[PDB]
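Q: Okay, here's what each chain looks like letter by letter:
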Amino acid sequence: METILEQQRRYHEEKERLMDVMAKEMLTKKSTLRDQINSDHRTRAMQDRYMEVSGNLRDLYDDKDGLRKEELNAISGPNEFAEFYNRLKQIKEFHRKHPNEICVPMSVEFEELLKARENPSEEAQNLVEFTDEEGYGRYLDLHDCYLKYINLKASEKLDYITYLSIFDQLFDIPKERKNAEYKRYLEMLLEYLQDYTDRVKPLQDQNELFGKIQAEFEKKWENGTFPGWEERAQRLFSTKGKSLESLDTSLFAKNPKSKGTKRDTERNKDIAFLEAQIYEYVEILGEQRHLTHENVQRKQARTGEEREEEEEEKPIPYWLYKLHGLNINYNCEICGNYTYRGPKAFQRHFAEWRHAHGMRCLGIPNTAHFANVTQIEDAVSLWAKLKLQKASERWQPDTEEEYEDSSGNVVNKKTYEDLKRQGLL
Amino acid sequence: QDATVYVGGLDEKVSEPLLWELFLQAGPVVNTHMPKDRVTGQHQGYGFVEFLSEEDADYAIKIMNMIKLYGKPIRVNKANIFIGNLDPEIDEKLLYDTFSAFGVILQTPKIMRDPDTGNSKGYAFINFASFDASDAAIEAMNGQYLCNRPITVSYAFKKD
Amino acid sequence: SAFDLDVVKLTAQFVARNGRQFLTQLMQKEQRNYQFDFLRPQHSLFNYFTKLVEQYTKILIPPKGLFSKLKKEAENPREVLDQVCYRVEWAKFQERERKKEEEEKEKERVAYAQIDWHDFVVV
Amino acid sequence: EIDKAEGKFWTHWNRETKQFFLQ
RNA sequence: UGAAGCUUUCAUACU
Ligand SMILES: [Zn+2]
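Heads up: the protein sequence lines correspond to chains C, 4, A and B, in order.
Read in order, the letters of the first sequence correspond to residues 1 to 229, 279 to 362, 390 to 501 in PDB author numbering.
Read in order, the letters of the second sequence correspond to residues 11 to 89, 101 to 181 in PDB author numbering.
Residues in the third sequence are numbered from 160 upward in steps of one, following PDB author numbering.
Residues in the fourth sequence are numbered from 187 upward in steps of one, following PDB author numbering.
Treat each hint with caution, since some may be false.
Stated by the list, open to error - Distance condition first, Cα-Cα at most 30 Å in a straight line; then the derived DSS-like pairs of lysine-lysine:
{"hint": "1", "chain 1": "C", "residue 1": "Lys303", "chain 2": "C", "residue 2": "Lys220"}
{"hint": "2", "chain 1": "A", "residue 1": "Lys168", "chain 2": "C", "residue 2": "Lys24"}
{"hint": "3", "chain 1": "C", "residue 1": "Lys318", "chain 2": "C", "residue 2": "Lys201"}
{"hint": "4", "chain 1": "C", "residue 1": "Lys15", "chain 2": "A", "residue 2": "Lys217"}
{"hint": "5", "chain 1": "C", "residue 1": "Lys115", "chain 2": "C", "residue 2": "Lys24"}
{"hint": "6", "chain 1": "B", "residue 1": "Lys194", "chain 2": "A", "residue 2": "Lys258"}
{"hint": "7", "chain 1": "4", "residue 1": "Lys142", "chain 2": "4", "residue 2": "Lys180"}
{"hint": "8", "chain 1": "C", "residue 1": "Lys212", "chain 2": "C", "residue 2": "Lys175"}
{"hint": "9", "chain 1": "C", "residue 1": "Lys64", "chain 2": "A", "residue 2": "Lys168"}
{"hint": "10", "chain 1": "A", "residue 1": "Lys230", "chain 2": "C", "residue 2": "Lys15"}
{"hint": "11", "chain 1": "C", "residue 1": "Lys306", "chain 2": "C", "residue 2": "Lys219"}
{"hint": "12", "chain 1": "C", "residue 1": "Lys15", "chain 2": "C", "residue 2": "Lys69"}
{"hint": "13", "chain 1": "C", "residue 1": "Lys24", "chain 2": "A", "residue 2": "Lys259"}
{"hint": "14", "chain 1": "C", "residue 1": "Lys15", "chain 2": "A", "residue 2": "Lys231"}
{"hint": "15", "chain 1": "A", "residue 1": "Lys266", "chain 2": "B", "residue 2": "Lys194"}
{"hint": "16", "chain 1": "A", "residue 1": "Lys210", "chain 2": "C", "residue 2": "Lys89"}
{"hint": "17", "chain 1": "C", "residue 1": "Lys69", "chain 2": "A", "residue 2": "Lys228"}
{"hint": "18", "chain 1": "C", "residue 1": "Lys24", "chain 2": "A", "residue 2": "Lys228"}
{"hint": "19", "chain 1": "C", "residue 1": "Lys115", "chain 2": "C", "residue 2": "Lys201"}
{"hint": "20", "chain 1": "A", "residue 1": "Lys188", "chain 2": "A", "residue 2": "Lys217"}
{"hint": "21", "chain 1": "4", "residue 1": "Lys180", "chain 2": "A", "residue 2": "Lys259"}
{"hint": "22", "chain 1": "A", "residue 1": "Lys168", "chain 2": "C", "residue 2": "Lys92"}
{"hint": "23", "chain 1": "C", "residue 1": "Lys348", "chain 2": "C", "residue 2": "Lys153"}
{"hint": "24", "chain 1": "C", "residue 1": "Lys29", "chain 2": "A", "residue 2": "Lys259"}
{"hint": "25", "chain 1": "A", "residue 1": "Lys210", "chain 2": "C", "residue 2": "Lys64"}
{"hint": "26", "chain 1": "C", "residue 1": "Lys24", "chain 2": "A", "residue 2": "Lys223"}
{"hint": "27", "chain 1": "C", "residue 1": "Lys318", "chain 2": "C", "residue 2": "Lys308"}
{"hint": "28", "chain 1": "C", "residue 1": "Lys212", "chain 2": "C", "residue 2": "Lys15"}
{"hint": "29", "chain 1": "A", "residue 1": "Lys266", "chain 2": "4", "residue 2": "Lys179"}
{"hint": "30", "chain 1": "A", "residue 1": "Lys259", "chain 2": "B", "residue 2": "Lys194"}
Worth flagging that the hints you see were computed from the coordinates, not collected in a lab.
All chains, please: the whole structure from these sequences, using the hints.
A: Structure below.
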């Protein structure tokens with residue numbers, strides 16, 4: 001197999017087709033937010049497929065460095081080419097043209113008029129990754145988080161506006177203790193906010209953003225990210290102040306700070322990382338949180354009907397009728413129980429198209445024998461009769477013939493026309 | 011329709027038994043049909059020959075194609102620019118290849134057909150890429166010697 | 160049409176490894192009693208065979224995957240998005256140039272259909 | 187007929203030197 | 001596409 005010649009060119013053509021599909025998706029205008037989110041998800045899937053194809057093609061270079069000495073040699077050539085042509089010289093009886101060598105990846109990376117989705121992305125749906133209250137990235141669902149906060153606080157003195165004001169803080173004082181059970185709800189709220197940020201922009205590099213957030217948490221947040229003018282240096286894990294930078298560096302490797310506490314850097318590191326991720330998601334998606342707060346205020350200020358509307362978004393002459401055999405209708409089962417009108421009209425009906433069609437359904441030809449016959453079983457019985465009659469009255473030489481084979485040559489004249497061939501074979 | 015062959019380009023010398031006698035050497039032509047006009051009461055140049063087998067109709071279409079019968083381009087077939106008095110022996114691909122020498126064609130051309138026979142009506146419509154190809158067709162192709170039929174190219178729509 | 164496409168791909172793979180324009184693995188095969196009608200430029204398949212030979216020559220580039228590894232197209236979606244935006248801008252510029260050429264052709268057709276063709280002067 | 191009088195086929199107009207040629 | 005029958009106060013023609 002030509003893995004360096006044919007497979008690399010096929011991977012390059014697939015990457016070029018993916019880039020052309022991405023350019024055609026980016027050049028087209030958008031009209032709705034859900035269709036734009038679906039197009040962004042399809043572009044992210046196409047970019048992931050192109051990255052996987054490039055990673056698969058980038059690993060096919062180990063044998064190429066060994067085969068380049070034989071491929072670039074001018075002493076070789078038409079011997080192996082003639083051997084491959086003799087291998088390609090098989091029977092060409094498969095008379096079938098295949099124009100889908102390059103048209104099939106072009107049609108797989110395209111959409112239809114009824115549904116604007118690609119062929120690998122035909123099973124993708126925007127309702128399986130986002131809820132109806134979010135609006136495909138327009139707002140964020142915070143009713144379950146507010147219910148969990150009200151269940152954890154064990155008090156009914158916190159509304160949605162108070163929860164939105166408590167969640168709007170980034171570096172202020174927290175509402176509860178840092179060593180309490182509110183960190184278990186804050187980690188879930190951070191894991192939901194990370195999925196909401198990853199769903200609001202599928203075309204952005206989530207791995208590079210996660211690596212940058214981890215680098216900012218390790219190199220900056222773990223080394224005093226909030227300087228002061279106890280107020281000079283504050284620790285997020287130990288929740289205590291520091292006199293100077295040397296005292297904080299000496300206390301960073303201390304025994305209560307490492308593992309000798311309940312909020313040290315060994316056990317409470319994941320909660321601090323989740324709090325830093327929640328702060329980064331609140332700083333990056335503050336406009337979506339403000340839009341969700343404005344939508345919650347508009348839903349609270351509205352009435353019941355406004356909230357329901359927001360959640361819902390002349391006759392023939394007596395002579396013609398008596399003289400013409402009319403007023404009498406004849407029906408025929410062979411013709412869909414089609415009811416025909418007066419004597420003369422019915423007679424033609426058996427010769428007309430509809431009756432021939434109805435008769436073909438059973439497989440019986442239309443002849444003069446099957447006239448004035450309107451029922452099915454009568455037709456099939458008369459067809460059996462006519463078949464028996466005609467088949468009888470023909471001359472069938474196969475069963476009707478008297479051969480006397482030369483096996484005994486003076487006996488056995490009861491041989492049919494088939495046993496004679498079997499004896500003479 | 012498969013066993014019948016539609017003939018186009020018949021003059022006044024050709025008749026209904028004459029086409030069956032001329033098509034008798036190609037195959038067993040069972041019947042001949044000639045639609046008469048309403049204003050003149052004669053044939054409009056297009057007729058049909060219903061044979062017994064489809065192979066005889068295929069041989070008549072491959073043998074009597076673009077023939078000069080009665081001083082007319084008779085041809086048998088399987089039954101903004103305006104071109105008139107065109108020969109029925111040419112197809113859409115043949116007209117696209119003939120129009121490709123003057124200018125570039127925007128798409129595949131279309132030829133008008135009769136509602137009864139459906140082989141050839143007599144006029145066709147073709148669209149060019151620009152007005153220069155239309156002017157070259159009105160200067161050169163409007164009057165060029167086609168296959169035994171003087172065609173006439175004209176503008177379909179023009180604004181004064 | 161699979162056998163002819165495979166023969167054209169084999170000819171494009173054997174012709175791309177040549178060290179000269181006429182000293183290839185297909186010019187000597189023509190004198191070796193091997194019928195190859197796709198080598199002549201008069202056929203319509205020669206335009207596809209030339210594109211296949213160009214793709215085989217572009218598959219032998221040093222950034223094509225022979226002695227180097229691509230990092231911008233394989234490990235950066237932002238670079239691919241910028242390349243797609245540049246391709247969309249180039250397609251929009253080509254469409255604008257085609258519209259300007261069509262407008263110039265319409266202006267030339269309007270000027271040619273309004274000039275006086277009766278003022279003839281033979282010098 | 188010895189040539190072709192088409193505009194887009196066998197004519198040229200260099201606007202840099204303002205030279206018109208037709209063959 | 002088509003089916004023009006029956007009757008008289010008509011009126012008009014032929015035996
Ligand atoms: Zn019936």
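Q: For each hint, tell me whether it holds in the structure or not.
A: Each hint tested on the structure:
no. : hint                                : result
1   : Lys303 (chain C) / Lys220 (chain C) : 20 Å, holds
2   : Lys168 (chain A) / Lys24 (chain C)  : 29 Å, holds
3   : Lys318 (chain C) / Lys201 (chain C) : 28 Å, holds
4   : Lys15 (chain C) / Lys217 (chain A)  : 14 Å, holds
5   : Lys115 (chain C) / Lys24 (chain C)  : 16 Å, holds
6   : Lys194 (chain B) / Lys258 (chain A) : 18 Å, holds
7   : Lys142 (chain 4) / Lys180 (chain 4) : 27 Å, holds
8   : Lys212 (chain C) / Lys175 (chain C) : 29 Å, holds
9   : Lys64 (chain C) / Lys168 (chain A)  : 19 Å, holds
10  : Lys230 (chain A) / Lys15 (chain C)  : 14 Å, holds
11  : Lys306 (chain C) / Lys219 (chain C) : 18 Å, holds
12  : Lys15 (chain C) / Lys69 (chain C)   : 28 Å, holds
13  : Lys24 (chain C) / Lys259 (chain A)  : 22 Å, holds
14  : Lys15 (chain C) / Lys231 (chain A)  : 13 Å, holds
15  : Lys266 (chain A) / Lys194 (chain B) : 15 Å, holds
16  : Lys210 (chain A) / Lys89 (chain C)  : 24 Å, holds
17  : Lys69 (chain C) / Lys228 (chain A)  : 20 Å, holds
18  : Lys24 (chain C) / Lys228 (chain A)  : 27 Å, holds
19  : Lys115 (chain C) / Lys201 (chain C) : 22 Å, holds
20  : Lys188 (chain A) / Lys217 (chain A) : 24 Å, holds
21  : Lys180 (chain 4) / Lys259 (chain A) : 23 Å, holds
22  : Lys168 (chain A) / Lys92 (chain C)  : 17 Å, holds
23  : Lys348 (chain C) / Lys153 (chain C) : 25 Å, holds
24  : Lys29 (chain C) / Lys259 (chain A)  : 22 Å, holds
25  : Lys210 (chain A) / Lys64 (chain C)  : 23 Å, holds
26  : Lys24 (chain C) / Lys223 (chain A)  : 24 Å, holds
27  : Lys318 (chain C) / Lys308 (chain C) : 11 Å, holds
28  : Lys212 (chain C) / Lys15 (chain C)  : 28 Å, holds
29  : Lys266 (chain A) / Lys179 (chain 4) : 16 Å, holds
30  : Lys259 (chain A) / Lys194 (chain B) : 17 Å, holds
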